[PDB]
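Visitor: One-letter residues, chain by chain:
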Amino acid sequence: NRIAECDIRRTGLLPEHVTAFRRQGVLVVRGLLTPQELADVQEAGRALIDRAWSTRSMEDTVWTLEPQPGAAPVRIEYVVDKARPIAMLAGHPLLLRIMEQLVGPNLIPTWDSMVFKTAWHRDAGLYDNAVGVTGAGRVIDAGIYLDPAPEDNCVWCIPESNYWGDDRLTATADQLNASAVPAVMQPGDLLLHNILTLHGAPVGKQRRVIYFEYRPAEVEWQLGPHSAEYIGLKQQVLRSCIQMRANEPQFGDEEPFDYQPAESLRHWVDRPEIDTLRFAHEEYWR
Amino acid sequence: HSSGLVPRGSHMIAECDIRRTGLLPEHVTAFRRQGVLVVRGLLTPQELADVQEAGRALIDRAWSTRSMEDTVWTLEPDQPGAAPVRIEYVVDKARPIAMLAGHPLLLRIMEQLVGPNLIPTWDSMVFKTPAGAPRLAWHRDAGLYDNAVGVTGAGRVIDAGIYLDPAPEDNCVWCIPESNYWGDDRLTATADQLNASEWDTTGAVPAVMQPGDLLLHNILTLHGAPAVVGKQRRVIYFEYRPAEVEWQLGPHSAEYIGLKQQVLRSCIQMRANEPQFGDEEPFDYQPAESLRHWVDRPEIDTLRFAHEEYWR
Ligand code: NI
Ligand code: NI
Numbered sequence: 001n002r003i004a005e006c007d008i009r010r011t012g013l014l015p016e017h018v019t020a021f022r023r024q025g026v027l028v029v030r031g032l033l034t035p036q037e038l039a040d041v042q043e044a045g046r047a048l049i050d051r052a053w054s055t056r057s058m059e060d061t062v063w064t065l066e067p068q069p070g071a072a073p074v075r076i077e078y079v080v081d082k083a084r085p086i087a088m089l090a091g092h093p094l095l096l097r098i099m100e101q102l103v104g105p106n107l108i109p110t111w112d113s114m115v116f117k118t119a120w121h122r123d124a125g126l127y128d129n130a131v132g133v134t135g136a137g138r139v140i141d142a143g144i145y146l147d148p149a150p151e152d153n154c155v156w157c158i159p160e161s162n163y164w165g166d167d168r169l170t171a172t173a174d175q176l177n178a179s180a181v182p183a184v185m186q187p188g189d190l191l192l193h194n195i196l197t198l199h200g201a202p203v204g205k206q207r208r209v210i211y212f213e214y215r216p217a218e219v220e221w222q223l224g225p226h227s228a229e230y231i232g233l234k235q236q237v238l239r240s241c242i243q244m245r246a247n248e249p250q251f252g253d254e255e256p257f258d259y260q261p262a263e264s265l266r267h268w269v270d271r272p273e274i275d276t277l278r279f280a281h282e283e284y285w286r
Numbered sequence: 001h002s003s004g005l006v007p008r009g010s011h012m013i014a015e016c017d018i019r020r021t022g023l024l025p026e027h028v029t030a031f032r033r034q035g036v037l038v039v040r041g042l043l044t045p046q047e048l049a050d051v052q053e054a055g056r057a058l059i060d061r062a063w064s065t066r067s068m069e070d071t072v073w074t075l076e077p078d079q080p081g082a083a084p085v086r087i088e089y090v091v092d093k094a095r096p097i098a099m100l101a102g103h104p105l106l107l108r109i110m111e112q113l114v115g116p117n118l119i120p121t122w123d124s125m126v127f128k129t130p131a132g133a134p135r136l137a138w139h140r141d142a143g144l145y146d147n148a149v150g151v152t153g154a155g156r157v158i159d160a161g162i163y164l165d166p167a168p169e170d171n172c173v174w175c176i177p178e179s180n181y182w183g184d185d186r187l188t189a190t191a192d193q194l195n196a197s198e199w200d201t202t203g204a205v206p207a208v209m210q211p212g213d214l215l216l217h218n219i220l221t222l223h224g225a226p227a228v229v230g231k232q233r234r235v236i237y238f239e240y241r242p243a244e245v246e247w248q249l250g251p252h253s254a255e256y257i258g259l260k261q262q263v264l265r266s267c268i269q270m271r272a273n274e275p276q277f278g279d280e281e282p283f284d285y286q287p288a289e290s291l292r293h294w295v296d297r298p299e300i301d302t303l304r305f306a307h308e309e310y311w312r
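Here the protein sequences come in this chain order: A and B.
Just so you know, we're using our numbering here: the first sequence kicks off at 1 and counts up by one.
Just so you know, we're using our numbering here: the second sequence kicks off at 1 and counts up by one.
All clues given are correct.
According to the in silico footprint, chain A covers these stretches of chain B (three or more CB under 8 Å from chain A):
id, region
1, 27-33
2, 104-118
3, 143-157
4, 237-246
5, 283-293
Calculated from the model, a selection of chain B residues having no Cβ within reach of chain A, i.e. all distances over 12 Å:
id, residue
6, 7
7, 19
8, 137
9, 310
Worth flagging that the hints you see were computed from the coordinates, not collected in a lab.
Even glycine gets a Cβ: it sits at the ideal position worked out from N, Cα and C.
All chains should be built: construct the whole structure from the sequences, respecting the hints.
Guide: Have a look at this one:
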């Protein structure tokens with residue numbers, strides 16, 4: 001059974017899309033980025049990877065082997081704090097109007113990164129009774145694609161596996177890894193998946209995806225995985241990116257996302273106006 | 001020769017107008033954030049009347065019998081002035097209410113709010129004693145969940161209150177918007193202060209209702225009502241929860257889920273085969289496959305499944 005598709009600039013996010021996402025754990029969104037923004041983010045992506053090779057450092061960068069013959073960077077962490085177009089991407093109103101419907105009005109940006117890879121699994125940050133807490137799709141990985149992902153080389157999902165118990169999840173994944181539907185993507189498209197959805201990929205050309213994860217503040221507040229202070233800082237981060245993007249004249253015609261969480265969840269005055277967009281998870285863990 | 005003469009004289013709180021707009025993104029937002037949503041005009045006039053008369057019938061029954069079976073009474077029924085205030089399992093007791101429980105606008109809204117694996121849980125009618133009803137103290141409805149706000153502050157466990165009688169501002173429900181996200185300390189403190197004090201509506205909003213209107217509230221939203229007189233104020237309440245939440249956190253046994261799914265499908269079907277509702281686009285109930293359980297047990301012969309018999 002196919003992965004539902006939202007042509008976002010054509011229809012908006014329809015109830016059917018929302019329902020598809022909640023049931024199957026995944027949703028394909030076509031044409032998120034305009035031609036111009038796609039190129040801007042492609043370029044920021046290009047420069048960040050180049051700088052990783054030249055500056056063979058592991059600062060916020062995952063390497064296959066130590067910068068050893070055949071070593072390569074495959075991931076940069078906190079890319080929103082590293083490139084101006086990506087920070088502005090983090091405040092994209094179509095993306096965030098979607099995240100608001102799916103995660104709720106108390107959404108906060110958690111992980112942000114860019115993966116450029118050269119196993120079936122769920123993503124991390126699991127809770128006790130994870131399916132009880134977020135089988136419905138409240139903790140969401142936003143994959144914004146800079147390069148094509150053809151059926152040869154794309155992520156595969158097992159729909160509805162976001163409601164699977166631990167035992168069946170583990171048993172099925174072990175079978176699958178020892179020995180499904182594809183998200184076939186064009187640049188500027190967005191893949192949304194529930195972190196509880198079993199996904200994975202099987203000999204191809206380098207691909208780039210920017211990942212934004214989102215959680216409800218009230219889930220973080222009570223269950224983690226971050227510390228309580230973290231909520232307010234990522235709220236400033238979200239508000240800053242929306243601000244930055246709003247003040248950019250190529251985006252002047254966009255109606256900015258109106259971030260309005262419940263009163264008791266507004267925590268951005270709590271701290272002084274932040275210096276950085278980078279907040280290391282290990283420094284804000286519980 | 002005949003003259004052939006012709007005879008003389010002769011000649012030869014946000015509001016959703018569900019049937020007007022549909023359920024909009026702003027409506028879902030407002031419900032998620034404030035813990036409350038008014039839906040105007042849920043019922044046709046004809047269905048409202050059918051449901052009003054089923055309500056009267058049930059109330060009349062409670063008085064006739066003074067049974068404590070499925071009925072909450074102010075005092076023991078043998079006592080002077082004792083009255084009934086709530087009847088349980090009204091969906092089993094009255095065919096127009098079972099069909100109401102399959103109402104496609106209601107369920108499509110619930111599906112957007114509670115999710116695709118929604119199941120119906122509590123079903124009842126509440127009404128007060130028009131000679132005078134005591135104050136409804138500020139309270140949350142029972143969730144039974146640890147970390148309740150983490151689990152459903154966003155509004156996944158929901159009371160749908162369908163109004164048979166008007167609830168004007170001088171006789172209606174009040175609630176504190178966004179109190180569905182309050183931690184236990186704030187909620188407990190705030191509720192205690194309000195209840196030890198005289199009735200006071202500041203920081204609260206009223207739920208002002210015409211008959212056939214629908215009040216959606218998050219069970220974590222603090223609510224209450226002032227002492228009132230002169231109106232019977234009947235409300236039919238359907239609660240809904242997600243199947244995967246019940247499955248893992250309760251409060252019901254795992255078996256309950258499949259049975260209530262059967263109840264839901266049964267109600268949807270008889271509403272479909274009802275001539276009065278043929279023009280309706282019937283609700284298409286489609287939960288995730290690993291949570292379809294409505295074949296796990298033999299065909300249900302009833303719509304009533306007593307909570308204490310399916311508790312975990
Ligand atoms: Ni992953
Ligand atoms: Ni109540």
